[PDB]
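There is one chain below, alone, in structure tokens, taken in the form solved without the ligand.
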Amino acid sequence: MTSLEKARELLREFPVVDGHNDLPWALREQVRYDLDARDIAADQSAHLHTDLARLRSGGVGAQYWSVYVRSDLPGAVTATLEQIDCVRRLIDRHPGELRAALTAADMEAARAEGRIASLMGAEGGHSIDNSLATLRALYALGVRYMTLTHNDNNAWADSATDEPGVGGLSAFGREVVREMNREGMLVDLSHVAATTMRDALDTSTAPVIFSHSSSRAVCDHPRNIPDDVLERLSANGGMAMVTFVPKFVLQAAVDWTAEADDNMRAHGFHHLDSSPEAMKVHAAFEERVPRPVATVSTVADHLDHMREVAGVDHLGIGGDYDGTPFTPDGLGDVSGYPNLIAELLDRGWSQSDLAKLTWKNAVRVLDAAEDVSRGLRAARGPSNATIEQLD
């Protein structure tokens, strides 16, 4: 059989545990949670990267649904609760295809039943409003990982796409990591600055993750992971879940985006300006300079290097589907995973290597978080420290 056929066979036994899908945010923005207007039990290819049929075709066996909310707007806690509610509604609306999962055991139970284990991950520390009790509430509601920052710094952690702030994690930031360790919530280092990554690794007593980040050595961009950080994963026991975002993984895309941003500023616009005037300027740029397109090979290049530095037991996949408008050819939506697995097979990756990449590493890491939590919960009570006290 072909590598693609083999890939599908392998995925049927050990499916993909995707680390980060922003479907909830897409539903919030596109139809304000009017789920009937974007019923994932139907074909949503015209509007979204995600729907049930494509998840099945893609071999996805577990999904960490992101409950991301904007950090530049007030009411982040309320919005996060609405995002969590959206995930719960999706699970309740499609019991035949989805199963809520809070533990590693739940993930295996879902796999045995043929249902997609549905977990939740908060994206950005602003979701807890500098409140440790709020962090605990999110865990109680089912959140199993929290990206310490999104694109902007928060009061206690520095983002990779912002200027230096506290220098990584502040004293309160370390307290947040300690509490996440006690609760059993995975510390997610995607989006954070390299300084923050190192501070988190120094502090965490549990394996950490990168729900959607690739290799900085392969493609120099702050959203990717430096080799020195990848090297620490074996000792920490965590894992880096490679992402597909073109402007992060393809060198030509990183350069193109930088030039596009410069062009925007050349016209007196902030590179993030979305006004009709700004859009006209950007359209003109893309007209004379076509947008580079990434491929499955691009992503495989990252995984090859990540495997070399971090080790096969410390890798995963986090597509960032419905969180980014652009995708690599061959990975246009959630049905594309088999193409990546096929490419890796062609590159010599073994069946066991791939089972770790797709399923086993993720289950091991969540189980580890639970194990560390058992020890810490029995050793001490929860923290009631405030950011004022520590910072």
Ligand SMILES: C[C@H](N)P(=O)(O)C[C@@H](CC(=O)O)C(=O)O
Contents of the next structure:
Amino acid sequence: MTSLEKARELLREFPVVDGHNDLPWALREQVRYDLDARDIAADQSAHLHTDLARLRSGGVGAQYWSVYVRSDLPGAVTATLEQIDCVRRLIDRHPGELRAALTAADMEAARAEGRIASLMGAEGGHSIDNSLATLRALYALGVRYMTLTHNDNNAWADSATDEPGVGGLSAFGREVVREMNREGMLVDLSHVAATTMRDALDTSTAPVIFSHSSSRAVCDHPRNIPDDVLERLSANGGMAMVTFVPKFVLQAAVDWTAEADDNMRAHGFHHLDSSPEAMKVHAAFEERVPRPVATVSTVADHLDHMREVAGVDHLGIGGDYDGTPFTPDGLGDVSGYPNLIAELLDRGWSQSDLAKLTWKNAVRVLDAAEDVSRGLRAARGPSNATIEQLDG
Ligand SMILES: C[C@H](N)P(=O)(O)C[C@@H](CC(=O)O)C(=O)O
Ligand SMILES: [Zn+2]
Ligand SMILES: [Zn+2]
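Having seen the form solved without the ligand, could you give me the form deposited with the ligand bound?
Below: every chain and molecule of the assembly, starting with the one above.
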């Protein structure tokens, strides 16, 4: 049998727990949650990275559905609740394929049934509107991780893609990490600045995750993780879940995006400007300078290195499917994972390495959060501290 045939057999036993998929956001944006217009029980390949048949072909057995919302629009709490409701509806619509998962035991029960465990992760600390009770409410509704920032600073944590602000976490950001630990909610350090990564590692008495971050040593971009941070993962007990975003994982794509943004600025536009005029300048650039293409090999290079630095017990996969418009060759949509495992097989990764990578690490990590939480819930009550009290 080929390495791809081997990869599929491996995935049948220990399937992918994917750390981050933005299908609910794509459904919000494409069809305002008209679930029938994007039915995942049918082929959605013209519109979406994700449907159920492709998840099957990809060997996915658990998914952290992102409940991402925009930090630059008001009503983030309300939008979050709508994102969470989008997830609940998908689960309710597809009970043969999907099973709601709140615990590492739910993940395993799902695997033994052959259903995809469906968990949730909030994407950015703005979803709590500086309110500890709101954090506790997201937990009560099934949220099992929170990325401390999205693309911009919040009042209490700094983003990797914004200028320095509080300098990592503030006193209230530490308090947030504390309540996350006591609740049992995974601290997600994707998107945050390296200063924040280090403060959260200092504060957290539970394993933390990176739900969709690759390697900064392999490809220098601040969305990636520095080696000094990966080096602390073993003691912390968490895991880094490699992402596929070409403009994070391929040096040529990083350089290209930077040159493209510089060209946008040369024409007097903000790089994120999406006007028709902004779009004309961009197409003219891409006409001159074709976009580089990342491959399965590009992603495997991050994994090789993270494995060397962090260790095989501290890795996972977070594809950012439906969260990003571009993908690596061979990692086109959520059916792609077997191509990555086949590559890793060709590079001498053992079958147990690979089962840790796909399944066992993520289960271990969520279990550990639950454990830490039990201790902290018996030790003290929930915090009633305010951002005003702690941060002034
Ligand atoms: C819209 C998604 N929720 P995102 O902005 O997090 C997308 C990617 C990056 C990108 O595709 O622009 C990221 O994870 O940093
Ligand atoms: Zn993201
Ligand atoms: Zn996302």
